[PDB]
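Enquirer: Below, each chain spelled out in residue letters.
Number of protein chains: 2
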Amino acid sequence: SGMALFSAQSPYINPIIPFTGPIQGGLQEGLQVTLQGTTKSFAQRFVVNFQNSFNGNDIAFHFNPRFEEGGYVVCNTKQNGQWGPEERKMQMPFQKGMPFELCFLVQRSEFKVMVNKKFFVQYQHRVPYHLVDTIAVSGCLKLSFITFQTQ
Amino acid sequence: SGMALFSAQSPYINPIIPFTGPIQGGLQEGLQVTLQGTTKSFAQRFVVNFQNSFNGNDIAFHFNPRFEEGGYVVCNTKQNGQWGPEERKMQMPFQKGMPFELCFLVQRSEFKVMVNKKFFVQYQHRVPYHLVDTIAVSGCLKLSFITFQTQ
Ligand SMILES: CC(=O)N[C@@H]1[C@@H](O)[C@H](O[C@@H]2O[C@H](CO)[C@H](O)[C@H](O[C@@H]3O[C@H](CO)[C@@H](O[C@@H]4O[C@H](CO)[C@H](O)[C@H](O)[C@H]4O)[C@H](O)[C@H]3NC(C)=O)[C@H]2O)[C@@H](CO)O[C@H]1O
Ligand SMILES: CC(=O)N[C@@H]1[C@@H](O)[C@H](O[C@@H]2O[C@H](CO)[C@H](O)[C@H](O[C@@H]3O[C@H](CO)[C@@H](O[C@@H]4O[C@H](CO)[C@H](O)[C@H](O)[C@H]4O)[C@H](O)[C@H]3NC(C)=O)[C@H]2O)[C@@H](CO)O[C@H]1O
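Residue numbers (the deposited numbering), protein chains in the order written: chain X, -1 to 149; chain X', -1 to 149. A prime marks a further copy of an entry chain.
Okay, chain X solo, but in the shape it has when bound:
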């Protein structure tokens, strides 16, 4: 599929939303974290957070699709409870009430984000990704699974 991928941690299958769970041993270079799910018809926004611990005060990468103002997606980092400068991509690659595949690839200098197998946005690491030991997902959606795979 381009490349041979191997599980790095067992999948979370049908996780309950809102979901907070471990990324075991922390994010690693070449890790692909894939979310397969569906947005609800009543969704306005949803969030995937890659964060350090359960509390949400330190979020290395906040990925936040907003079905507002035509549809756009916000990427940001939170440090000690403070949001940094937002990066917005003025495009909405998700459709309300429709299935989606969302994949985050950890590279040395950036995250690469694919939506429905197509590249969507990159995000430069502002803090070391290996400090990320938690994924948190919220919003009006369900998930079939989250997988963790490496080359």
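It is possible that some hints are incorrect.
For chains that are exact copies, the list does not tell them apart, and a pair is met inside one copy or across any two.
[What the hints assert, rightly or not] Taking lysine to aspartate or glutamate pairs in the DMTMM-like style, the calculated list, with each CA pair at most 25 angstroms apart, reads:
| no. | residue 1 | residue 2 |
| --- | --- | --- |
| 1 | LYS110 | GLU27 |
| 2 | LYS140 | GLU99 |
| 3 | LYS116 | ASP56 |
| 4 | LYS115 | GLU27 |
Read the hints as simulated data drawn from the structure, not as lab findings.
Place chain X' with the ligands on chain X using the hints.
Expert: Frame of chain X; chain X' with the ligands shown alone:
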């Protein structure tokens, strides 16, 4: 300064705004294009375009600081007269009426943009950069120089 840099094309010194001029032999991997100048007090927006020819219908990378809504910067690509999805960084690293150094580094997969020696934004190549043979600069500003340097 981190690294030894060599001229790749002779600088444009005190170019007249609005400026349109050749990038000789086209953009190349590892080229650094540096703009040194000052915004006017009456500036609202300015633009640096990396483009294919003089006409502006195909702009590989449009870099557009806007002193509006608190200050933000738009990055985009134009193909056949059509703008793609905007990438906005909700931060303004320039100050009206103040000198600035603006550096574009061409890497294999992205441009990296530094403002006043600090990283500001990356922009993934949407089209091959080597098709870019023109730089165009407009807005209420003056420039001391544009240099072209490689490692
Ligand atoms: C289906 C539907 O009805 N959805 C609505 C959205 O389409 C709508 O979103 C707005 O739609 C208009 C088109 O009608 C534009 O896409 C809006 O975006 C703005 O577009 C302008 C012009 O392209 C753009 O300014 C230009 O930017 C380029 C670089 O990209 C260059 O710098 C030019 O010099 C400059 O003029 C501007 O930045 C851009 N703004 C944003 C926020 O993206 C788009 O907002 C919404 C809102 O009306 O309503 C939906 O429901
Ligand atoms: C000096 C001065 O007066 N300049 C003014 C600007 O400061 C002002 O810009 C607005 O300033 C406010 C603070 O007063 C905010 O920074 C505005 O940005 C919005 O902030 C909200 C809350 O942080 C943010 O939503 C949050 O986003 C995070 C991720 O970043 C997360 O998803 C949260 O769930 C969410 O609530 C929102 O996205 C952000 N919007 C923008 C457009 O950046 C900022 O606009 C302007 C405008 O009033 O006036 C200047 O003159």
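Enquirer: What hints, given by number in increasing order, does this structure fail?
Expert: Hints that this structure does not satisfy do not exist here, as all of them hold.
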